[PDB]
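All protein chains but one are shown at their positions in the complex.
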Amino acid sequence: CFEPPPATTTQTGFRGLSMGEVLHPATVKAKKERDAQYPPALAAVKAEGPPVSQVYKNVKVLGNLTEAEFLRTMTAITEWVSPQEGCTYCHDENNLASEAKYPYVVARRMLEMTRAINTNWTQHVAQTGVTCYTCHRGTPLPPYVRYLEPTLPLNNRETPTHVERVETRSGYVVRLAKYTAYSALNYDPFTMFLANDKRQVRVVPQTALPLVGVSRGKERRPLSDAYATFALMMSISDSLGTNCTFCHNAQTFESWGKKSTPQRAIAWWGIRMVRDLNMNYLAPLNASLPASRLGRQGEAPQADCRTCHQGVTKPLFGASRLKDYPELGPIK
Amino acid sequence: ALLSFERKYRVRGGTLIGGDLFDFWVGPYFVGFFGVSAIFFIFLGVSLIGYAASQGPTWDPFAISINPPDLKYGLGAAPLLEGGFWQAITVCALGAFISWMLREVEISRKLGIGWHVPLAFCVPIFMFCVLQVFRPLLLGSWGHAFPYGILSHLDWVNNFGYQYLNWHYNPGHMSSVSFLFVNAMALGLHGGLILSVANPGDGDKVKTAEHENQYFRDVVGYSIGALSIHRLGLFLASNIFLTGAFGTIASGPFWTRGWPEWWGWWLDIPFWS
Amino acid sequence: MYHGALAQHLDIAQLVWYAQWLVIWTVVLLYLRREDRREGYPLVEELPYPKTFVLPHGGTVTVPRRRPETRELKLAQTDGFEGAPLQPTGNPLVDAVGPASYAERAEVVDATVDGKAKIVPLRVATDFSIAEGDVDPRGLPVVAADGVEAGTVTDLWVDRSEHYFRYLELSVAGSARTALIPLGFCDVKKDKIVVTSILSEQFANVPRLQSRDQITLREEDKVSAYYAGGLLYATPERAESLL
Partner (left out) sequence: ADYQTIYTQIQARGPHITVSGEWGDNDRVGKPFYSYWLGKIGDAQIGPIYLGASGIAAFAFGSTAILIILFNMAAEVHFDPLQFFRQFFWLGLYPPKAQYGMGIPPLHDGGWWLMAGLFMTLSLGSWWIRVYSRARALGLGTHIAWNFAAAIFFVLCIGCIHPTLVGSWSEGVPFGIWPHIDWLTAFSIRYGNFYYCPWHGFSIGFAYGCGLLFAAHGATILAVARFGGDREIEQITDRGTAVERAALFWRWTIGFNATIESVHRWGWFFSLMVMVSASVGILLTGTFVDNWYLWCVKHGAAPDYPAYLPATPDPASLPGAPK
């Protein structure tokens, strides 16, 4: 009902604009204690020895690394992906080279993905970077995943109610509003923006006057595009535990420069990164994952904003393991 | 200089303080003690506004803006050009509003009438205090309040409205808007009804108070009356800020998330979730 | 090519912006402010055509008003200034000056839609009665501002057009007469009628009615203003500053 005083607030614009984050000191401290569960880096190993390409039977990505570094990598991977089962979740106990189980082939595709984010998408991740834990958080299935339709609850670990289930058609708006931060926007921002590069987010014209040949009849973009942009931004703001002012001067949402904060550019690179992972990486693996993991339309669970962030402007409060594990990007 | 009936009403007495010393008229304006203080508050304010505007980038009325200090300054004293100007105009504004009310109290006592008008002006003063003094106090800085500019204060409401995702969903704002629309609608109904009876058109007779009561009984079925309409009109106008004062103050100190998310006491009840 | 882009750097939205401020100031300055001047003019100590209203019960009356006889005001100036206040020369309650001043209304009894006298007592209005739940003031004493029983309410005066009580008829103690008072000056109690406006020794000078069973608009102003004067003129302390 109410969040008890006081409240921690910041400044993101010129004084008097009321720009900045509005945060509750109990909610954030509940988020830090969840994010502090980040497993610390493993001890430094010996760099002297032959690369694992000559040593082992089936290694195609981490082939340059030594046996000491490779085992360390696999010990770290288990601590972030499948610690409740262990090595045997993705391996056969007698054969570590064979690809008899499904979490092996997906893992190798996820490795090329994680390396790519810390090598190519550094405009977003910078020197902080991301690991396996940033999304998985010590579970094989990432808590926050998205299908081709809105689902509840956001965290899939939670036991859902009958109405919140995607099967019951009576609670569609319930699944629709919660993803758009409790708003009755009849638009899914994931399937229209976050999944593919089919739709342009920007809906506001850069001209003071309407150009002739675009502002009359079928030439016009429907108002639904302005709704969905607003529906996307709500999903964006709720996933980072912040508001518009963090990236916008509400005076003008379309303009960049003094009206935009250095984080809006990062957010833009966030949109372009999510799509590339969804399309090139998180879409073709539907044949790699079983029929149980799939949704309803034969699609694989894809990522968005909250997948790493989980309710904070930065995933895990600026925690970096990039230097600790150079095998996850950037790649030379 | 006076109305054809004013002379007999212009008498000594009615002042709260000052006595006979301030009791007189400047043209049509009455002064009193609070007339002197008000003018002083208005004078010193505009003078410092005229001093801050020459220290600004432009002279365009739409663009003229004087802003509060940074949030890191807190509720302490801020430098003149760094929100200090704003800190002086606020006190000057408050004093000008407070003294103007008490001046209207000094006028109401002289005419032997009710105290309803200066008591109705306490509401917009109260709402000015919520935005500029009350809500900033609970947070901990003077910078949260709005700047004094024609177009600049619109951008403050914009960001502050957007800080909690969607402001329409605010329960205090909902009722605030509800009373803003219902008061304007009633003034269109009341203002139109009085002119309809008095002016039937052409060479027709001015109707009676029974015709007032007959019209609404024929249109909607229920009439409030001739005295009660001015009571509700005052009620519907006051409750714009009365309900609005609780929507603004909750945003921040009592609620940090978005206001659509506040509607989670109804939807997520275990038995229909 | 832009929709609305005409000559120069101007646009259609800019032109209407001027046309918007055009019609407003025209309605405000050339009409609304002129209608504000139909009462209280000319200036003592731009004008509109004096408007005409056809009365509900035969006849007409033009605004503003010009009366055949003047009312002398028994007041004297405090000082030689133009906006200088005026001071009562005698008793302001009977002379009707300041808050005790009544307007120059017509001396006719107010009328309903059917013509009948609007403000009448319950002795003329027999079909009218007090609602169940509220107090019947007939037979309850009237205690004045000084805490003294000034009289006793004998009947109630009702508006026959709106179904609403307006006046309380009470026979003044030690006067043998009846004096009227608007309900606005009264605090209704179950045992008493509370009036803080005037002293008990001032209940006898309340403007007297021409008829016992009917009241005119001017008489409705004389009575209402009389108690309004007492707010500032009942005790020698009600005229000076509070603090």
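Letters are used for the chains, namely A, B and C, taken in the order the chains are written, and counting of residues starts over at 1 for each.
Definition applied: a residue touches a chain if its C-beta (ideal position, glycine included) is under 8 Å from a C-beta of that chain, and two chains touch if they have at least 3 such contacts.
Student: Just name the one of C:209, C:228 or C:234 that touches the chain not displayed here.
Tutor: Counting the whole complex, the residue in contact with the absent chain is C:228.
Student: Using the document's definition of touch, tell me which of B:65, B:132 or B:248 contacts the absent chain.
Tutor: B:65
Student: By the contact criterion defined above, which parts of subunit A meet the unshown chain? Give residue numbers in ascending order.
Tutor: Touching the chain left out of view, subunit A contributes residues 11-15, 17, 19, 123, 163, 168-174, 177, 183-186, 197, 203-211, 215-224, 226-227, 229-230, 249-258, 260-265, 268-269, 272, 276.
Student: Considering the whole complex rather than only what is displayed, give the residues of subunit B touching the chain that is not shown.
Tutor: Residues in contact with the chain left out: 3, 5-6, 9, 25, 27-30, 57-58, 60, 62-65, 103-104, 107-108, 111-117, 119-121, 123, 149, 151-152, 154-155, 157-158, 166, 168-169, 180-181, 183-201, 204-215, 217-238, 240, 263, 266-267, 269, 272.
Student: Across the whole complex, list the residues on subunit C that are touched by the chain not included here.
Tutor: 3-4, 9, 11-14, 16-17, 20, 24, 27, 32-33, 35-40, 53, 55, 61, 63-65, 101-106, 110, 113, 125, 127-135, 137, 156, 158-161, 163-166, 182-188, 217, 220-221, 224-225, 227-228
Going forward, only the chains that are shown with their structure count from here on.
Student: Please tell me the distance, in whole Å, between the geometric centres of subunit A and subunit C computed from their C-alpha atoms.
Tutor: Each chain's C-alpha centroid was found; their separation is 72 Å.
Student: Return the distance between the CA-based centres of subunit B and subunit C, expressed in whole Å.
Tutor: 28
Student: Help me check something: in the complex, which residues belonging to subunit C touch subunit B?
Tutor: For this pair, the touching residues of subunit C are 40-45, 53-56, 64, 73, 75, 78, 81-88, 96-101, 103-104, 112-113, 161-162, 164, 225, 228-229, 231-232, 238-243.
Student: In the complex formed with subunit B, which residues of subunit A make contact?
Tutor: Of all residues in subunit A, those touching subunit B are 1-7, 9-11, 13-20, 22-24, 27, 161, 163-164, 174, 177, 181-183, 234, 237-238, 243-245, 248-251.
Student: Can you check the complex and tell me which residues of subunit A touch subunit C?
Tutor: 207-213, 215-216
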